[PDB]
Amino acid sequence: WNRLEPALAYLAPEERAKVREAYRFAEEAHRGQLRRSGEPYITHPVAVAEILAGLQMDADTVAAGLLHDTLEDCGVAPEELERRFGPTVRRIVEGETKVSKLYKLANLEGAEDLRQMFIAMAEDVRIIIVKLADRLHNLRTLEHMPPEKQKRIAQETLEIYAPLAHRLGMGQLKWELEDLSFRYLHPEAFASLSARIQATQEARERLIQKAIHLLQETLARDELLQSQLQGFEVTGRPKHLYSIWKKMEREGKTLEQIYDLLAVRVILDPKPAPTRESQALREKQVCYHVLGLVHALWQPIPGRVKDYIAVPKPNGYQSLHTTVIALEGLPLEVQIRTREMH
């Protein structure tokens, strides 16, 4: 509990009390039970609640994360969970993923039934996230599984869960799900690619960190930018090992051909705006402002500005790109985007 409690800071005291009541209930239902690792079962729903609390999930969602296995793993409490934690917690813990039927919106344009549509959908999204948080944690703790069972769940994850994560637009979940699945599915391919990156990545890492520090300090020191900004993040390339190995087979490319240009990402969280439009305006103003700061810092390579804010990819991808001449006279790609954008 002392590990979970700090992550629940974003919730109102009464919302946190519901989560403690849920933890203390799971603590009872899972009393005596053990995982594959000799660890007590309660550690699993806690870790799942931690994943959800890190994502700043709804109070009922975090609570439902502590109770998601009180029906499956140990005991039956369908009317008990409704009696103790409400119907919405009971609904999430019961499984109702239904199916992707967004194409039904397009054909059906035509209230209390359209109001309930939102509350049913948002409840249906919450079900998927808990399943995802659960699966992500299991994969993390997959070292205590026979090497066959390990391969059956990595494939299920790649067929079912990583695509569900994609539907929900949870790229950070999808990334980790794919890469942990890759590790256990083809370990020999994983260890070959991992150690190969740990050769180029260490040499690159010195420059990437110099660049990171230079961009982070340049942005924090700009007065006007920080005024319309809540915060920012300057990272190196993300390194999606499954989507990197996936591309090597498709494109018939070497890994040396992928890392053929040092890259840096700038994720900007702007200050909140009263209306939806004054937010979209703020969201873009900030991005070109960074492009200017970047071009003032490092020399821009002619015709390497890729504006995907103005011309988004068919999947809706927005971001500003520019290849510059940075440290040691090297072509460095910069990608400027907000938290909302991908």
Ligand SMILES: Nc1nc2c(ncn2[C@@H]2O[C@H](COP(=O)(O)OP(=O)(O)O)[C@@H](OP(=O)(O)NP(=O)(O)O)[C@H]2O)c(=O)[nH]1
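C-alpha atoms forming the largest set that superposes within 1.5 Å between two forms make up the rigid core. Residues that one form lacks are left out of the comparison. Residue numbers count along the first chain shown, from 1. First, how it differs from the form deposited with the ligand bound.
Per-residue Cα shift between these two forms after core alignment stays below 2 Å for all of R140, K246, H213, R83 except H213.
Once the rigid core is used as the reference frame, the Cα position of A17 differs between these two forms by less than 2 Å. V46 is not among the residues whose C-alpha shifts by 2 Å or more between these two forms once the rigid core is aligned; its shift stays under 2 Å. In this overlay on the rigid core, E176 has a C-alpha that sits less than 2 Å away from its partner position between these two forms. After fitting on the rigid core, stretches of 3+ residues whose CA atoms all move by 2 angstroms or more between these two forms lie at 72-77, 96-104, 111-123, 199-237, 259-342.
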The other form holds:
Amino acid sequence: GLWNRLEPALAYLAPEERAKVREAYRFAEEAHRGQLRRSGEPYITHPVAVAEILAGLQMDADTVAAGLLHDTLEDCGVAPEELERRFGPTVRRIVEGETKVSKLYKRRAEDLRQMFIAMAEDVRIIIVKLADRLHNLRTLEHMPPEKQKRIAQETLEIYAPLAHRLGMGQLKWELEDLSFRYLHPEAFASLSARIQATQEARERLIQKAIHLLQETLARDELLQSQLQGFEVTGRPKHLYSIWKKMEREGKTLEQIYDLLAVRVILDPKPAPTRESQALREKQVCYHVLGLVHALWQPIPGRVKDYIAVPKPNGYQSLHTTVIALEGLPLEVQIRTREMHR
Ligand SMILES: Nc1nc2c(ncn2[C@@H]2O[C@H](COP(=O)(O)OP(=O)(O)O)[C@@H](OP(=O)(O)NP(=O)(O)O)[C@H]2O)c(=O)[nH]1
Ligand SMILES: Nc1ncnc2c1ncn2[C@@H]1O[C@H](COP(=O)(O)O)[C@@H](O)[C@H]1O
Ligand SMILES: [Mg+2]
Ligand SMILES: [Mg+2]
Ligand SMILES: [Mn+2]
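Can you give me the structure for the form deposited with the ligand bound, which would complement the form solved without the ligand we have just seen?
To see the whole picture, the full complex is given below, headed by that same chain.
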């Protein structure tokens, strides 16, 4: 069934691992047979969509499998002993933990308390709860408008930061943005309608900018001579982070440069002495700034030199807001590998 949708995403797993995931889906589909969600949809769609979220993150075989089974214990005729017998103790461990920790669709102080108590078992239990939470938020239109606000708050306070700390930034932004939609819809609808383009169009522009910079840097002869390699990463600013700093700093949306930002992480070639290495570390950063300014037109008064004036948090990097692509303000950040975090 819905399996033919999940199967391609599981290409990264060994054949034996994929068979485990199919045996898990076949068991979940048998266990969730005849069950429905709040949306008229059969229950199996939920554990498959959670297993999809985990598979997109290239998660552990037992983790993907545990995502298909994460609900087979709550008021279900499945004994935890059967999961240990069939899928091992690791799958059983995660699944018990995700069931015991307040489940999917239910004070919230006790459910956030249990979230920590499961922290001793393995962050693996959480990961699944993060995938589950993301899917729940994606299908929050089938929830009373009160319950919608309870979930959104919890997500912003507990899960989005946990995703952040686990290094799952694409999970983090989506968790934040869906939470923002249901928590403050008036602010969400105002800001979203203002932003003419969708996240599809945003990521397309960022990748055009990344290609333009990557090819411009690789074509500079003198730079590549003092360089070992480089990395051009992008980001479109997400609605929650756009609205968060407008309130925090006081700037209008027109007064946000970050709406399309790009980082240039550079690792220089090795140097004989310790000093001629620290000198090579800087010479590269300003050389990129030049090339960047010759590629995209720089905006007046937007060069921020944190190499020469580091932030009290020890932050070193060169910043410049430019006019890139279809006449759009793009922020560029130039730093070395060492100046990175
Ligand atoms: N990853 C990272 N980046 C750091 C850090 N300190 C400063 N920055 C950079 O510096 C930026 C903050 O400083 P600034 O860019 O010099 O300030 P303005 O953009 O307001 O001119 C940061 O921007 P942001 O969080 O993506 N944008 P915000 O929503 O706050 O407007 C980031 O680009 C840091 O510790 N880590
Ligand atoms: N210029 C940039 N290019 C790529 N990623 C960035 C850039 N600036 C910030 N980020 C990343 O985006 C996150 C913060 O972005 P924000 O949505 O503005 O709060 C962090 O995880 C940063 O690593
Ligand atoms: Mg500023
Ligand atoms: Mg940032
Ligand atoms: Mn669930």
